[PDB]
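Just one chain follows, in the form deposited in one PDB entry, and it is written as C-alpha coordinates.
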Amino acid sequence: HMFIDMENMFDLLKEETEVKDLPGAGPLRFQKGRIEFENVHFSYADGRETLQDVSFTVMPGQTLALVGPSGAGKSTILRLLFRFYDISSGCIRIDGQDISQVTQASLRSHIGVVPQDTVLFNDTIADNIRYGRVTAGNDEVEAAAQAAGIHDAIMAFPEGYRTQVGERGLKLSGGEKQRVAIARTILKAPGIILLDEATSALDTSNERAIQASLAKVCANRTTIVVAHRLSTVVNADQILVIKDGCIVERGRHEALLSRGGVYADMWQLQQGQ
(Lines of atoms letter the chains of each structure in order from A and count residues from 1; the text may use other names and numbers.)
(Lines give C-alpha, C1' and ligand atoms only; values in the text may rest on other atoms or scores of the structure.)
Protein backbone atom coordinates (compact mmCIF):
# COMPACT_ATOMS: atom_id res chain seq x y z
CA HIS A 1 0.00 0.00 0.00
CA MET A 2 3.05 2.24 -0.18
CA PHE A 3 2.41 2.54 -3.93
CA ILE A 4 -1.25 3.50 -3.69
CA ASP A 5 -2.22 6.91 -5.01
CA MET A 6 -4.46 8.55 -2.46
CA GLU A 7 -5.95 10.94 -5.05
CA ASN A 8 -7.02 7.96 -7.11
CA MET A 9 -8.65 6.45 -3.98
CA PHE A 10 -10.64 9.66 -3.46
CA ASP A 11 -11.61 9.74 -7.18
CA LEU A 12 -12.90 6.15 -6.84
CA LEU A 13 -14.86 7.02 -3.72
CA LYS A 14 -16.33 10.08 -5.54
CA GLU A 15 -17.46 7.94 -8.47
CA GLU A 16 -19.54 5.87 -5.97
CA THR A 17 -22.04 8.65 -5.42
CA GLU A 18 -21.66 10.73 -8.57
CA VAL A 19 -23.03 10.31 -12.03
CA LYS A 20 -21.57 12.17 -14.94
CA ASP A 21 -22.62 12.37 -18.53
CA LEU A 22 -19.97 11.05 -20.88
CA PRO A 23 -17.97 13.55 -22.94
CA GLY A 24 -20.00 14.03 -26.13
CA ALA A 25 -22.89 11.83 -24.95
CA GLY A 26 -26.06 12.20 -27.01
CA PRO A 27 -29.74 12.12 -26.16
CA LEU A 28 -31.32 8.70 -25.62
CA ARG A 29 -33.07 7.75 -28.84
CA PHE A 30 -36.20 6.61 -27.14
CA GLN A 31 -38.57 4.65 -29.25
CA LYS A 32 -40.77 2.03 -27.61
CA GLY A 33 -39.22 1.88 -24.15
CA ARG A 34 -37.84 -1.63 -24.00
CA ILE A 35 -35.83 -2.08 -20.79
CA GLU A 36 -32.93 -4.53 -20.34
CA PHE A 37 -30.78 -5.25 -17.29
CA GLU A 38 -27.94 -7.46 -18.36
CA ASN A 39 -25.89 -9.17 -15.58
CA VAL A 40 -26.06 -6.08 -13.38
CA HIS A 41 -23.88 -5.94 -10.32
CA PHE A 42 -24.31 -2.95 -8.01
CA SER A 43 -23.02 -1.88 -4.61
CA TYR A 44 -24.07 1.22 -2.68
CA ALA A 45 -21.06 1.71 -0.43
CA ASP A 46 -18.40 -0.74 -1.73
CA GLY A 47 -18.92 -3.15 1.22
CA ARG A 48 -21.35 -5.63 -0.27
CA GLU A 49 -23.42 -6.54 -3.29
CA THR A 50 -26.85 -5.07 -3.29
CA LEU A 51 -27.67 -6.48 -6.76
CA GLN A 52 -26.00 -9.66 -7.94
CA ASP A 53 -25.94 -10.58 -11.64
CA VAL A 54 -29.43 -9.12 -12.22
CA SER A 55 -30.85 -9.80 -15.71
CA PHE A 56 -34.31 -9.17 -17.07
CA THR A 57 -36.23 -7.73 -20.01
CA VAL A 58 -39.35 -5.59 -20.03
CA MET A 59 -40.74 -5.51 -23.53
CA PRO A 60 -42.40 -2.19 -24.63
CA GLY A 61 -45.61 -1.39 -22.72
CA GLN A 62 -45.40 -4.45 -20.44
CA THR A 63 -45.51 -4.27 -16.65
CA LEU A 64 -42.83 -5.76 -14.37
CA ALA A 65 -43.55 -6.21 -10.65
CA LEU A 66 -40.60 -6.62 -8.23
CA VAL A 67 -41.40 -8.48 -5.10
CA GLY A 68 -39.54 -10.24 -2.40
CA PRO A 69 -38.48 -9.58 1.21
CA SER A 70 -36.99 -6.44 2.75
CA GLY A 71 -33.59 -5.28 1.58
CA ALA A 72 -33.72 -7.26 -1.65
CA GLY A 73 -32.72 -4.46 -4.11
CA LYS A 74 -36.20 -3.65 -5.57
CA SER A 75 -36.11 0.13 -5.24
CA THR A 76 -32.42 -0.09 -6.13
CA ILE A 77 -33.54 -1.33 -9.58
CA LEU A 78 -35.63 1.83 -10.07
CA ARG A 79 -32.83 4.10 -8.84
CA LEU A 80 -30.43 2.46 -11.24
CA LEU A 81 -32.84 2.87 -14.15
CA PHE A 82 -33.03 6.60 -13.39
CA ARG A 83 -29.23 6.38 -13.22
CA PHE A 84 -29.12 7.74 -9.64
CA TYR A 85 -25.93 5.64 -9.52
CA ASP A 86 -23.53 3.99 -11.94
CA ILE A 87 -23.47 0.18 -11.85
CA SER A 88 -20.29 -1.79 -11.38
CA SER A 89 -20.68 -4.35 -14.18
CA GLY A 90 -23.34 -5.57 -16.62
CA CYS A 91 -25.41 -3.06 -18.60
CA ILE A 92 -28.70 -1.28 -18.40
CA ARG A 93 -30.27 -0.48 -21.74
CA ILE A 94 -33.35 1.28 -22.94
CA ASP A 95 -34.31 0.41 -26.48
CA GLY A 96 -30.87 -1.16 -26.80
CA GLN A 97 -28.91 1.90 -25.61
CA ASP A 98 -26.67 1.69 -22.58
CA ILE A 99 -28.13 4.37 -20.32
CA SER A 100 -24.69 5.35 -18.92
CA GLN A 101 -23.75 6.52 -22.39
CA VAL A 102 -26.51 9.12 -22.91
CA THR A 103 -27.24 12.48 -21.30
CA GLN A 104 -28.85 11.88 -17.97
CA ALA A 105 -31.23 14.80 -18.70
CA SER A 106 -32.52 12.95 -21.80
CA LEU A 107 -32.70 9.66 -19.93
CA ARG A 108 -34.94 11.07 -17.14
CA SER A 109 -37.12 12.95 -19.59
CA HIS A 110 -38.49 9.57 -20.69
CA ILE A 111 -39.14 8.22 -17.21
CA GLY A 112 -41.95 9.11 -14.89
CA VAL A 113 -41.70 8.26 -11.21
CA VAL A 114 -44.67 7.77 -8.88
CA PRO A 115 -42.99 7.50 -5.46
CA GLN A 116 -44.60 6.02 -2.35
CA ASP A 117 -45.81 9.34 -1.01
CA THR A 118 -46.60 12.55 -2.77
CA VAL A 119 -44.54 15.63 -1.89
CA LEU A 120 -46.71 18.79 -1.97
CA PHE A 121 -45.03 22.21 -2.24
CA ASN A 122 -46.34 25.39 -0.61
CA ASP A 123 -47.49 26.70 -3.95
CA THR A 124 -50.66 26.74 -6.08
CA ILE A 125 -52.24 23.38 -6.94
CA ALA A 126 -51.44 24.21 -10.61
CA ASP A 127 -47.69 24.65 -9.86
CA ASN A 128 -47.80 21.49 -7.81
CA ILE A 129 -49.00 19.57 -10.88
CA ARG A 130 -46.61 21.49 -13.18
CA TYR A 131 -43.80 20.02 -11.09
CA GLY A 132 -44.15 16.97 -13.46
CA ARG A 133 -42.81 19.14 -16.33
CA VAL A 134 -42.02 22.73 -15.27
CA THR A 135 -42.05 24.11 -18.88
CA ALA A 136 -45.68 22.96 -19.22
CA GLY A 137 -48.52 25.49 -19.80
CA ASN A 138 -51.64 25.96 -17.74
CA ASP A 139 -53.60 24.19 -20.52
CA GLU A 140 -51.34 21.12 -20.09
CA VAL A 141 -51.61 21.13 -16.26
CA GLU A 142 -55.39 21.38 -16.56
CA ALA A 143 -55.55 18.55 -19.09
CA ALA A 144 -53.28 16.48 -16.79
CA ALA A 145 -55.59 17.15 -13.83
CA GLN A 146 -58.58 16.20 -15.89
CA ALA A 147 -57.03 12.92 -16.95
CA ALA A 148 -55.94 12.41 -13.30
CA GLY A 149 -59.59 12.96 -12.31
CA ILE A 150 -59.08 16.09 -10.10
CA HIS A 151 -59.99 18.89 -12.46
CA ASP A 152 -63.58 19.20 -11.19
CA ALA A 153 -62.30 19.05 -7.60
CA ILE A 154 -59.81 21.81 -8.33
CA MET A 155 -62.41 23.97 -10.13
CA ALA A 156 -64.43 23.91 -6.87
CA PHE A 157 -61.37 24.98 -4.79
CA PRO A 158 -61.67 28.46 -3.28
CA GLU A 159 -59.31 29.90 -5.93
CA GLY A 160 -59.39 27.05 -8.48
CA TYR A 161 -56.00 26.30 -9.99
CA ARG A 162 -54.49 29.30 -8.09
CA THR A 163 -55.43 27.87 -4.69
CA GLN A 164 -52.41 27.52 -2.38
CA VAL A 165 -51.96 23.91 -1.23
CA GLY A 166 -49.41 22.08 0.98
CA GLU A 167 -48.78 22.91 4.64
CA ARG A 168 -49.52 26.59 4.30
CA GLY A 169 -52.73 26.21 2.22
CA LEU A 170 -55.76 24.03 1.54
CA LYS A 171 -55.37 20.38 2.76
CA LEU A 172 -55.84 17.90 -0.15
CA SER A 173 -57.71 14.68 0.65
CA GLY A 174 -55.84 11.38 0.47
CA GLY A 175 -57.31 10.63 -2.97
CA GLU A 176 -56.53 14.10 -4.28
CA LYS A 177 -52.98 14.07 -3.10
CA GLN A 178 -52.34 10.76 -4.78
CA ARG A 179 -54.01 12.01 -8.03
CA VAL A 180 -51.62 15.01 -8.01
CA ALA A 181 -48.70 12.51 -8.25
CA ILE A 182 -50.61 10.88 -11.07
CA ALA A 183 -51.34 14.20 -12.78
CA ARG A 184 -47.58 14.98 -12.62
CA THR A 185 -46.74 11.75 -14.36
CA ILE A 186 -49.50 12.32 -16.91
CA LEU A 187 -48.06 15.75 -17.62
CA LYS A 188 -44.65 14.22 -18.11
CA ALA A 189 -46.10 11.84 -20.81
CA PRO A 190 -43.10 9.55 -20.14
CA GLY A 191 -42.52 6.24 -22.09
CA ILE A 192 -41.43 4.46 -18.91
CA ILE A 193 -43.13 4.57 -15.50
CA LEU A 194 -41.48 3.58 -12.26
CA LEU A 195 -43.93 3.07 -9.44
CA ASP A 196 -42.97 2.46 -5.85
CA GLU A 197 -46.14 1.47 -4.03
CA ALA A 198 -46.93 2.92 -0.58
CA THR A 199 -47.09 0.55 2.35
CA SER A 200 -49.97 2.62 3.73
CA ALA A 201 -53.42 2.35 2.16
CA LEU A 202 -56.56 4.40 1.98
CA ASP A 203 -60.08 2.92 2.01
CA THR A 204 -61.21 0.26 -0.48
CA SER A 205 -63.06 2.76 -2.72
CA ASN A 206 -60.02 5.10 -2.90
CA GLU A 207 -57.59 2.24 -3.45
CA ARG A 208 -59.69 0.89 -6.35
CA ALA A 209 -60.17 4.36 -7.85
CA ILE A 210 -56.45 5.13 -7.55
CA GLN A 211 -55.43 1.75 -9.04
CA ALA A 212 -57.88 2.25 -11.91
CA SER A 213 -56.35 5.71 -12.80
CA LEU A 214 -52.79 4.36 -12.49
CA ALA A 215 -53.56 1.60 -14.99
CA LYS A 216 -54.92 4.16 -17.40
CA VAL A 217 -51.71 6.13 -17.07
CA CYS A 218 -49.45 2.99 -17.42
CA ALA A 219 -51.29 1.43 -20.36
CA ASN A 220 -48.96 1.17 -23.35
CA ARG A 221 -46.14 2.31 -21.09
CA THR A 222 -43.33 0.12 -19.93
CA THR A 223 -43.84 -0.02 -16.20
CA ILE A 224 -41.67 -1.33 -13.34
CA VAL A 225 -43.37 -1.48 -9.97
CA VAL A 226 -42.01 -2.18 -6.50
CA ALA A 227 -45.25 -3.86 -5.54
CA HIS A 228 -46.97 -4.15 -2.17
CA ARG A 229 -50.52 -4.79 -3.34
CA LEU A 230 -51.58 -8.31 -4.23
CA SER A 231 -53.76 -6.95 -7.02
CA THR A 232 -50.72 -5.24 -8.63
CA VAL A 233 -48.62 -8.42 -8.69
CA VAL A 234 -51.47 -10.51 -10.07
CA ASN A 235 -52.01 -8.13 -12.93
CA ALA A 236 -48.35 -7.73 -13.95
CA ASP A 237 -46.95 -9.19 -17.19
CA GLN A 238 -43.90 -10.48 -15.32
CA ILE A 239 -42.95 -10.76 -11.64
CA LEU A 240 -39.36 -10.93 -10.34
CA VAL A 241 -38.97 -12.43 -6.93
CA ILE A 242 -35.88 -10.88 -5.51
CA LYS A 243 -34.03 -12.01 -2.40
CA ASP A 244 -30.72 -10.48 -1.25
CA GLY A 245 -29.96 -8.98 -4.72
CA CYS A 246 -30.60 -12.17 -6.72
CA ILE A 247 -33.62 -12.89 -8.84
CA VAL A 248 -34.69 -16.22 -7.41
CA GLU A 249 -37.67 -16.83 -9.63
CA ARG A 250 -39.81 -15.13 -12.19
CA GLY A 251 -42.89 -15.51 -14.38
CA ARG A 252 -46.51 -14.34 -14.46
CA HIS A 253 -48.51 -14.76 -11.28
CA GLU A 254 -50.22 -18.01 -12.40
CA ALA A 255 -46.93 -19.57 -13.59
CA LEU A 256 -45.26 -18.68 -10.24
CA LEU A 257 -48.11 -20.30 -8.43
CA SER A 258 -48.02 -23.44 -10.39
CA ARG A 259 -44.19 -23.53 -10.01
CA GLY A 260 -44.93 -24.04 -6.24
CA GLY A 261 -41.71 -22.19 -5.24
CA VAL A 262 -41.03 -19.12 -3.05
CA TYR A 263 -43.76 -16.99 -4.64
CA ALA A 264 -46.31 -19.82 -4.25
CA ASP A 265 -45.30 -20.14 -0.57
CA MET A 266 -45.87 -16.44 -0.12
CA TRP A 267 -49.24 -16.66 -1.81
CA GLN A 268 -50.27 -19.53 0.29
CA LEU A 269 -49.15 -17.67 3.43
CA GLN A 270 -51.23 -14.58 2.56
CA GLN A 271 -54.30 -16.71 1.79
CA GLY A 272 -54.21 -18.30 5.27
CA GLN A 273 -55.74 -21.75 4.55
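Residue numbers count along the first chain shown, from 1. If you superpose the two forms and keep the largest set of C-alpha atoms that fall within 1.5 Å, you have the rigid core. What changes on going to the form deposited in another entry:
- Fit the rigid core and compare the CA positions between the two forms: of 13, 19, 264, 22, just 13 moves by 2 angstroms or more.
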The other form holds:
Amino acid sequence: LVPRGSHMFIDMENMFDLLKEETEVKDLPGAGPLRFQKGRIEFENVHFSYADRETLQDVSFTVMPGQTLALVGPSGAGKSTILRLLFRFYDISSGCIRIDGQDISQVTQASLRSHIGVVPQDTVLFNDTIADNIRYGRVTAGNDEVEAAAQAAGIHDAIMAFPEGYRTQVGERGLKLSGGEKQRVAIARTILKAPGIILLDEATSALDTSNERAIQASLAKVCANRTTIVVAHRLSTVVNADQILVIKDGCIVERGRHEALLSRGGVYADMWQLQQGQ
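Would you mind generating the form deposited in another entry now that we have the form deposited in one PDB entry?
This part shows the chain on its own.
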Protein backbone atom coordinates (compact mmCIF):
# COMPACT_ATOMS: atom_id res chain seq x y z
CA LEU A 1 0.00 0.00 0.00
CA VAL A 2 0.86 3.68 -0.67
CA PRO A 3 0.40 5.87 2.53
CA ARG A 4 -1.75 8.92 1.75
CA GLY A 5 -2.95 12.22 3.14
CA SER A 6 -0.80 13.42 6.05
CA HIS A 7 0.55 9.91 6.51
CA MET A 8 2.69 10.21 3.36
CA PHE A 9 4.71 12.95 5.10
CA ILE A 10 5.04 11.30 8.58
CA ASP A 11 8.69 10.73 9.67
CA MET A 12 8.98 7.20 11.13
CA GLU A 13 12.02 8.21 13.26
CA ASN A 14 9.80 10.82 14.93
CA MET A 15 7.09 8.15 15.56
CA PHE A 16 9.66 5.89 17.31
CA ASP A 17 10.91 8.92 19.33
CA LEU A 18 7.33 9.64 20.50
CA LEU A 19 6.94 6.01 21.67
CA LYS A 20 9.57 6.55 24.41
CA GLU A 21 8.53 6.39 28.06
CA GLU A 22 9.77 9.38 30.19
CA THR A 23 8.74 12.11 27.68
CA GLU A 24 10.25 15.03 29.49
CA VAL A 25 11.09 18.70 29.73
CA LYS A 26 12.77 21.18 27.38
CA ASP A 27 15.10 24.06 28.08
CA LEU A 28 13.48 27.09 26.53
CA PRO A 29 15.52 28.56 23.63
CA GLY A 30 18.22 30.94 24.91
CA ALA A 31 17.99 29.76 28.55
CA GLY A 32 21.04 30.73 30.49
CA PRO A 33 22.44 29.26 33.70
CA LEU A 34 20.53 29.64 36.97
CA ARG A 35 22.23 32.58 38.73
CA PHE A 36 22.31 30.88 42.12
CA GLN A 37 22.96 33.18 45.07
CA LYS A 38 21.77 31.70 48.40
CA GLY A 39 19.13 29.18 47.32
CA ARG A 40 15.88 30.86 48.30
CA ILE A 41 12.99 28.67 47.08
CA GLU A 42 9.53 29.85 46.23
CA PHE A 43 6.34 28.05 45.09
CA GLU A 44 3.64 30.53 44.08
CA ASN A 45 0.15 29.14 43.65
CA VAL A 46 1.51 25.99 42.01
CA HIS A 47 -0.94 23.61 40.32
CA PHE A 48 0.15 20.23 38.88
CA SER A 49 -1.45 17.09 37.49
CA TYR A 50 -0.06 13.72 36.41
CA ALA A 51 -3.44 12.71 34.86
CA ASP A 52 -7.13 13.59 34.07
CA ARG A 53 -7.58 14.88 40.03
CA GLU A 54 -5.17 17.75 40.37
CA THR A 55 -2.18 16.27 42.14
CA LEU A 56 -1.17 19.65 43.64
CA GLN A 57 -3.54 22.56 44.17
CA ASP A 58 -2.64 26.21 44.82
CA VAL A 59 0.53 25.19 46.62
CA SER A 60 2.39 28.18 47.94
CA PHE A 61 5.48 28.46 50.11
CA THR A 62 8.93 29.87 50.69
CA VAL A 63 12.10 28.28 51.92
CA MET A 64 14.58 30.90 53.05
CA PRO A 65 18.30 30.23 52.31
CA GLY A 66 19.69 27.64 54.72
CA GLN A 67 16.33 26.74 56.31
CA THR A 68 14.69 23.32 56.36
CA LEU A 69 11.14 22.73 55.29
CA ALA A 70 9.53 19.34 56.17
CA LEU A 71 6.58 17.96 54.13
CA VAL A 72 4.30 15.66 56.01
CA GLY A 73 0.81 14.25 55.52
CA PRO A 74 -0.92 11.02 54.46
CA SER A 75 0.31 8.80 51.58
CA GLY A 76 -0.56 10.20 48.17
CA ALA A 77 -0.89 13.76 49.43
CA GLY A 78 1.73 15.03 47.00
CA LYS A 79 4.85 15.39 49.15
CA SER A 80 7.28 13.60 46.78
CA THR A 81 5.76 15.41 43.85
CA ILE A 82 6.84 18.70 45.40
CA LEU A 83 10.49 17.62 45.31
CA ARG A 84 10.07 16.40 41.74
CA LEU A 85 8.74 19.79 40.66
CA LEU A 86 11.67 21.71 42.26
CA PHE A 87 13.99 19.40 40.31
CA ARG A 88 11.79 20.12 37.21
CA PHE A 89 11.32 16.45 36.58
CA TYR A 90 7.91 17.72 35.36
CA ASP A 91 6.53 21.12 34.32
CA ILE A 92 3.59 22.73 36.14
CA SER A 93 0.32 23.69 34.53
CA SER A 94 0.00 26.94 36.48
CA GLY A 95 1.63 29.03 39.19
CA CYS A 96 5.43 29.60 39.39
CA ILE A 97 8.45 27.98 41.00
CA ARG A 98 11.48 30.21 41.60
CA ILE A 99 15.05 29.82 42.93
CA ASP A 100 16.52 33.16 43.95
CA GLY A 101 13.90 35.15 42.01
CA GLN A 102 14.25 33.04 38.83
CA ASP A 103 11.60 30.80 37.20
CA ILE A 104 13.24 27.35 37.25
CA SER A 105 11.49 26.59 33.89
CA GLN A 106 13.49 29.40 32.23
CA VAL A 107 17.08 28.38 33.09
CA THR A 108 18.99 25.35 31.74
CA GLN A 109 17.94 22.13 33.47
CA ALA A 110 21.63 21.30 33.70
CA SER A 111 22.44 24.41 35.75
CA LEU A 112 19.30 24.04 37.86
CA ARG A 113 20.22 20.53 38.88
CA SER A 114 23.91 21.39 39.38
CA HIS A 115 22.77 23.35 42.51
CA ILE A 116 20.47 20.57 43.81
CA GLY A 117 21.52 17.51 45.80
CA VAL A 118 18.88 14.75 45.74
CA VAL A 119 19.11 12.29 48.65
CA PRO A 120 16.80 9.55 47.58
CA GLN A 121 14.98 6.96 49.68
CA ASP A 122 17.46 4.35 48.50
CA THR A 123 20.85 4.51 46.94
CA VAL A 124 21.94 3.44 43.52
CA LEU A 125 25.30 1.70 43.84
CA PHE A 126 27.26 1.37 40.60
CA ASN A 127 29.46 -1.59 39.75
CA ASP A 128 32.59 0.37 40.46
CA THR A 129 35.12 1.28 43.12
CA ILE A 130 33.76 2.89 46.26
CA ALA A 131 35.70 6.03 45.26
CA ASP A 132 34.02 6.28 41.85
CA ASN A 133 30.65 5.62 43.50
CA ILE A 134 31.27 8.69 45.66
CA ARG A 135 32.67 10.69 42.71
CA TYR A 136 29.33 10.18 40.95
CA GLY A 137 28.37 13.31 43.01
CA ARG A 138 30.78 15.38 40.91
CA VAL A 139 32.73 13.45 38.25
CA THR A 140 35.65 15.89 37.92
CA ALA A 141 36.50 15.96 41.66
CA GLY A 142 39.96 15.09 42.96
CA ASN A 143 40.72 12.03 45.08
CA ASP A 144 41.42 14.41 47.98
CA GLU A 145 37.83 15.71 47.63
CA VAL A 146 36.34 12.23 47.52
CA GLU A 147 38.18 11.44 50.81
CA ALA A 148 36.99 14.71 52.42
CA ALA A 149 33.36 13.87 51.43
CA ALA A 150 33.79 10.34 52.79
CA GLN A 151 35.38 11.76 55.97
CA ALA A 152 32.38 14.17 56.44
CA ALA A 153 29.88 11.42 55.64
CA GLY A 154 31.35 9.07 58.34
CA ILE A 155 32.28 6.40 55.80
CA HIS A 156 36.07 6.96 55.51
CA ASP A 157 36.80 4.60 58.39
CA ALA A 158 34.69 1.68 57.09
CA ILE A 159 36.37 2.19 53.68
CA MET A 160 39.84 2.01 55.21
CA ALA A 161 38.88 -1.37 56.62
CA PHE A 162 37.97 -2.59 53.08
CA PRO A 163 40.55 -4.87 51.50
CA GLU A 164 41.45 -2.41 48.69
CA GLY A 165 40.47 0.76 50.60
CA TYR A 166 38.95 3.32 48.21
CA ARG A 167 39.66 0.99 45.30
CA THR A 168 37.36 -1.72 46.65
CA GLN A 169 34.88 -2.83 44.01
CA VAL A 170 31.31 -2.30 45.21
CA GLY A 171 27.81 -2.83 43.77
CA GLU A 172 26.37 -6.08 42.46
CA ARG A 173 29.70 -7.55 41.23
CA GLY A 174 31.73 -6.36 44.29
CA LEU A 175 31.89 -6.20 48.12
CA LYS A 176 28.53 -6.00 49.93
CA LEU A 177 28.17 -2.69 51.69
CA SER A 178 25.86 -2.78 54.70
CA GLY A 179 22.58 -0.81 54.56
CA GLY A 180 24.27 1.92 56.64
CA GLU A 181 27.30 2.10 54.40
CA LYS A 182 25.07 2.49 51.29
CA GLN A 183 23.14 5.41 52.86
CA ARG A 184 26.44 7.07 53.80
CA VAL A 185 27.59 6.73 50.20
CA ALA A 186 24.57 8.83 49.05
CA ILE A 187 25.53 11.36 51.71
CA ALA A 188 29.16 11.41 50.57
CA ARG A 189 28.00 11.98 46.95
CA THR A 190 25.93 14.96 48.09
CA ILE A 191 28.68 16.46 50.29
CA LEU A 192 30.97 16.14 47.25
CA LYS A 193 28.52 17.87 44.86
CA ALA A 194 28.25 20.68 47.49
CA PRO A 195 24.82 21.92 46.28
CA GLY A 196 23.09 24.99 47.83
CA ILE A 197 19.78 23.09 47.97
CA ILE A 198 19.01 19.53 49.28
CA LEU A 199 15.91 17.51 48.35
CA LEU A 200 15.57 14.71 50.88
CA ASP A 201 13.05 11.94 50.66
CA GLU A 202 13.53 10.02 53.93
CA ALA A 203 13.73 6.21 53.76
CA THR A 204 10.62 4.40 55.19
CA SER A 205 12.83 1.69 56.57
CA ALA A 206 15.13 2.23 59.55
CA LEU A 207 18.28 0.52 60.86
CA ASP A 208 19.15 -0.35 64.45
CA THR A 209 19.01 2.43 67.07
CA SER A 210 22.69 3.43 67.16
CA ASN A 211 23.08 3.35 63.31
CA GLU A 212 19.85 5.20 62.77
CA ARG A 213 21.09 7.88 65.18
CA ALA A 214 24.46 8.08 63.39
CA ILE A 215 22.92 8.31 59.86
CA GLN A 216 20.49 10.95 61.13
CA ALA A 217 23.41 13.04 62.48
CA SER A 218 25.29 12.69 59.15
CA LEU A 219 22.12 13.85 57.28
CA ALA A 220 21.62 16.82 59.58
CA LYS A 221 25.21 17.60 58.83
CA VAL A 222 24.75 17.77 55.00
CA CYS A 223 21.53 19.85 55.38
CA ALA A 224 22.63 22.29 58.08
CA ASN A 225 23.39 25.40 56.02
CA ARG A 226 21.64 24.43 52.80
CA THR A 227 18.10 25.22 51.88
CA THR A 228 16.36 21.85 52.34
CA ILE A 229 13.00 20.31 51.53
CA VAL A 230 12.51 16.92 53.16
CA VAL A 231 9.63 14.48 52.77
CA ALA A 232 9.72 13.61 56.43
CA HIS A 233 8.98 10.23 57.95
CA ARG A 234 11.05 10.57 61.16
CA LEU A 235 9.50 12.44 64.07
CA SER A 236 12.93 13.99 64.94
CA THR A 237 13.10 15.64 61.48
CA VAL A 238 9.77 17.42 61.93
CA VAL A 239 10.46 18.49 65.55
CA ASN A 240 13.62 20.26 64.42
CA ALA A 241 12.46 21.61 61.02
CA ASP A 242 12.29 25.42 60.50
CA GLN A 243 8.88 24.89 58.92
CA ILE A 244 6.43 22.07 58.37
CA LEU A 245 3.76 21.91 55.66
CA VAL A 246 0.97 19.47 56.34
CA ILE A 247 -0.27 18.27 52.92
CA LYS A 248 -3.53 16.52 52.30
CA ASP A 249 -4.92 15.75 48.81
CA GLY A 250 -2.56 18.25 47.16
CA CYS A 251 -3.46 21.17 49.47
CA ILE A 252 -1.43 22.69 52.26
CA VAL A 253 -3.92 22.37 55.08
CA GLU A 254 -1.68 23.80 57.82
CA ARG A 255 1.83 24.97 58.40
CA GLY A 256 4.27 26.29 60.90
CA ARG A 257 6.87 25.04 63.32
CA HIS A 258 6.37 21.90 65.39
CA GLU A 259 5.45 23.74 68.59
CA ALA A 260 3.05 26.09 66.83
CA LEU A 261 1.39 23.14 64.99
CA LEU A 262 0.94 21.34 68.31
CA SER A 263 -0.58 24.36 70.00
CA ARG A 264 -2.92 24.92 66.96
CA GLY A 265 -4.74 21.66 67.83
CA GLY A 266 -5.55 20.73 64.21
CA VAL A 267 -4.44 17.84 62.00
CA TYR A 268 -0.73 17.78 62.90
CA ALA A 269 -1.66 17.91 66.59
CA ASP A 270 -3.99 14.92 65.96
CA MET A 271 -1.02 13.06 64.40
CA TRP A 272 1.27 13.89 67.32
CA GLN A 273 -1.36 12.92 69.92
CA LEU A 274 -1.85 9.62 68.06
CA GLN A 275 1.89 8.79 67.87
CA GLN A 276 2.32 9.83 71.51
CA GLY A 277 -0.42 7.45 72.79
CA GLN A 278 -0.82 9.10 76.23
